[PDB]
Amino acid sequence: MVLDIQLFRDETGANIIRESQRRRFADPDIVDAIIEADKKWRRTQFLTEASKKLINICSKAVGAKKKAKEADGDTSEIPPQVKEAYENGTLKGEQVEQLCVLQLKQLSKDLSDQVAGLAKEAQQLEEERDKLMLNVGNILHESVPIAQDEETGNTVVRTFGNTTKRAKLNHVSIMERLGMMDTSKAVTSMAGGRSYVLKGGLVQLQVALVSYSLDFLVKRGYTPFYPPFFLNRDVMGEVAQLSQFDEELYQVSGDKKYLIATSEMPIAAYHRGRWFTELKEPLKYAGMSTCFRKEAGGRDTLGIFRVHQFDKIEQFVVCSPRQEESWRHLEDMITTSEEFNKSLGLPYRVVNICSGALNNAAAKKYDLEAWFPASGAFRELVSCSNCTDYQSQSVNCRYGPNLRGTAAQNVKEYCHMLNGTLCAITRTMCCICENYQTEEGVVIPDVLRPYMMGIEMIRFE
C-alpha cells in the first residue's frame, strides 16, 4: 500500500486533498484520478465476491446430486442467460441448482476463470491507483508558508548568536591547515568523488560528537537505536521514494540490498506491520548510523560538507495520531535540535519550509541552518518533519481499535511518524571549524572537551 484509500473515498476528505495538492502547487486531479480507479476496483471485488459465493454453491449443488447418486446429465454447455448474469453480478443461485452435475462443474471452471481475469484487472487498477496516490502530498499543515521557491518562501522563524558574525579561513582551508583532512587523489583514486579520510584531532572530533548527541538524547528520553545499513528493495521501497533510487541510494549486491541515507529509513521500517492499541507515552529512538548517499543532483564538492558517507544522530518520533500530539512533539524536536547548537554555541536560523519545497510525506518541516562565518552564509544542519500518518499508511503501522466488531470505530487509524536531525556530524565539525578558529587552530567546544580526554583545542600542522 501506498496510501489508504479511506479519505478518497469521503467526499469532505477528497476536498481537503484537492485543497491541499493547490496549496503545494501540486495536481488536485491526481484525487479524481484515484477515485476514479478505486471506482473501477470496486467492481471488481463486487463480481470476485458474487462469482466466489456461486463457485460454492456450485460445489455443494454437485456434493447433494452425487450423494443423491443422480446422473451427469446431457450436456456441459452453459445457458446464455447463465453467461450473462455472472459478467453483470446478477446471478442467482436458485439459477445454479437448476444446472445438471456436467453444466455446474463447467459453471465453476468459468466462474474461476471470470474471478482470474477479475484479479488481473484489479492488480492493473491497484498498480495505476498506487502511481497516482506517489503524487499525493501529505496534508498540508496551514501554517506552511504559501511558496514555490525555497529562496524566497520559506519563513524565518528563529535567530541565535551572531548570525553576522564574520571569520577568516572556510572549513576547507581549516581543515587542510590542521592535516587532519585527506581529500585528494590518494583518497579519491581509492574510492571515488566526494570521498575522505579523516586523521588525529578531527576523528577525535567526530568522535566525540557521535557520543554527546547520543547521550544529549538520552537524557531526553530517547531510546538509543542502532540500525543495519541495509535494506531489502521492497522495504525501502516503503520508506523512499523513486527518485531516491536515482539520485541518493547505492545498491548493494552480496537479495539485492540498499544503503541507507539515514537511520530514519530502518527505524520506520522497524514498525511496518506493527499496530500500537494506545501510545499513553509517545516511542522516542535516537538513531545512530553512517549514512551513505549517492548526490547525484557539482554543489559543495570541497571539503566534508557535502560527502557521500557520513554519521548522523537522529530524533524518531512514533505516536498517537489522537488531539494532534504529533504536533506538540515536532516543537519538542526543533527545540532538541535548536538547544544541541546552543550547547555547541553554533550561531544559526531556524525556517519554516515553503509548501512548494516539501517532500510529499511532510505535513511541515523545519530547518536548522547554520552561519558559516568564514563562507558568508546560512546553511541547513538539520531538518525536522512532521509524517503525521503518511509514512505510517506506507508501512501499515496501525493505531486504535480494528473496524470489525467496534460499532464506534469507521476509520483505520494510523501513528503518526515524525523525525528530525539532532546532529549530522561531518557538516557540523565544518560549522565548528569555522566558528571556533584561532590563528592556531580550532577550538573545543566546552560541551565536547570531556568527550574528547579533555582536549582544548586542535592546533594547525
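Here, rigid core means the biggest group of C-alpha atoms that superpose within 1.5 Å across both forms. Residue numbers count along the first chain shown, from 1. Compared with the form deposited in another entry:
- Annotation for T406: C-alpha shift of 2 angstroms or more between these two forms, rigid core superposed.
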Contents of the next structure:
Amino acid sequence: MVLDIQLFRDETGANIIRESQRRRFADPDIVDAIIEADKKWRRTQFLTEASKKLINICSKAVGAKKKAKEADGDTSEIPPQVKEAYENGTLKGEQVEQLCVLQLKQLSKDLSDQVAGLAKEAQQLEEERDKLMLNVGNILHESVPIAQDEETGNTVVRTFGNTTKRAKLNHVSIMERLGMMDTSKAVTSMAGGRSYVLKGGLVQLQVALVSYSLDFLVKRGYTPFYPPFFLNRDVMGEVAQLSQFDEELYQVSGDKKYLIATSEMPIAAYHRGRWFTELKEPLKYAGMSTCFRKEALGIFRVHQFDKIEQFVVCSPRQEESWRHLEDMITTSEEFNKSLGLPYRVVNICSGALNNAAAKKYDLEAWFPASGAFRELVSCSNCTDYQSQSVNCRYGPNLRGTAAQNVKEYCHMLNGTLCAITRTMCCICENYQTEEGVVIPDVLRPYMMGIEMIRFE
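Here we have the form deposited in one PDB entry; I need the corresponding form deposited in another entry.
Chain alone follows, minus partners and molecules.
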C-alpha cells in the first residue's frame, strides 16, 4: 500500500487533494489519473468477485447432479452468450444451473482462467496507481506558506541567541587544527569519498552528545529506541520515496537490504500492520542510530553520521498531532538553547515540502565563522501519510465491522533532536578560542568533566 484510496473515491475528498496539489505547486491531474486507475481496478475486482461466486455455484451444481445421478451431458461446450455474460459480469447463477455437468466443469475452468487473467490486470493497475500515489503530496496544513522557492518562500518564525556574531575559523579549520579529524587520502583511499576518522576529544564530544541527547528525550517521556540498520526492499519502499533509492540509500547484500538514512525509517516500519484502538497517551520514541546516506568540506555533510530522533505515533483525532509538532520543535529549540547555540526556526514553504509532510519546521543554527544559518533540524507532521503506507490503523477494531466508509489511521511525526556530526561542527564554530574548542557546560559531565579540547 502507498495511500488509502478512500479519499480519492469521495468527490469532496478528491477536491481537497486537488487543492492541496495546486497549493504545493504539484500536479492536480494526478488525483484524476488515480481515480481512473482505481475505476479500472474496481472493474477487475467486480468481475473477480462475480466469477469466484459462479465457480462455487458450478461446484455445488455438479455436486447436486452427481448425487441425483443426472447424466453428465452431451457436451462441455459453453454457449457464447454465457461466455459474453461472465466477461461482462452479468452471468446469473440461475442460468449456470441450467448447464450439464460437462459444461459446469468446463465453465469452472474457464472462470478460474478468467480470475487468473484479471489478477494479472489488477496487479498492473495497482502498480500504475501506486506510482501515481507517490507523486501525491500530503494535505498541507492551512498555516503552510504558499511558495515554490525556499530562499524567498520559507517564513522565519523564531530566533534565539546572537545570530550576527562572527568568528575566525570555520569547523573544517578547527577540526583540522585539533588533529582530531582525518579526511585525508589515508581515509578516502580505504573508505571512499566523504569518509572520515574522528580521534580523541572529538570522539569524546560525539559520545557526550549521543548520551546527553538521549537523556534529554528520556526526561521528556520518550522511550529510547535502537533499531536494526538494515531494511528489506519491500519494507524500505513503505517508508522511503522511489527517489531515495537512487540518490540516498546504500544497498546491502549477503536477500537484498538497504542501510537506513535515519532511525525514522525503521521506527515507522516497526508500526507496520499495527492497529491502536485508542492512544490516550501518544507513543514517543527517542531513536538512536548511525545514518547512512549515498548523497547522490569536513564533516558537515558526510555519508555516515549519528542522529538522535524524536518519533511520535498519536491519535488522528481533535488535531492532536498539531499539538505534538509544536512540542517537538520546542524540544529541538530547548536542546539547542541548552547547548548555547544561536539559531532561527523556519516554517517550510509548500513547494519545498517533501510529499509526507503536512507541515515542517527546520531549525537552522548560526555558524559564526561560516557566516550562515545552517540546517540542524527538521521537524515534520506526517499526519496519516506514512500510516497509510505502513498500514498503521486507529480506532474501534471489533468483530462485525463491515467495509467502513472511513478507515482511521494513526498520525506520525518525526523530528531531529540532534544530528551529532553537524552539531559538533556548529559547536566548534561557536565555542572556538585561540587555544581550541570550549566544551558547552551541559556536555562536560558526559565527557569526563573536560572543559576544553585543545589545538595540537
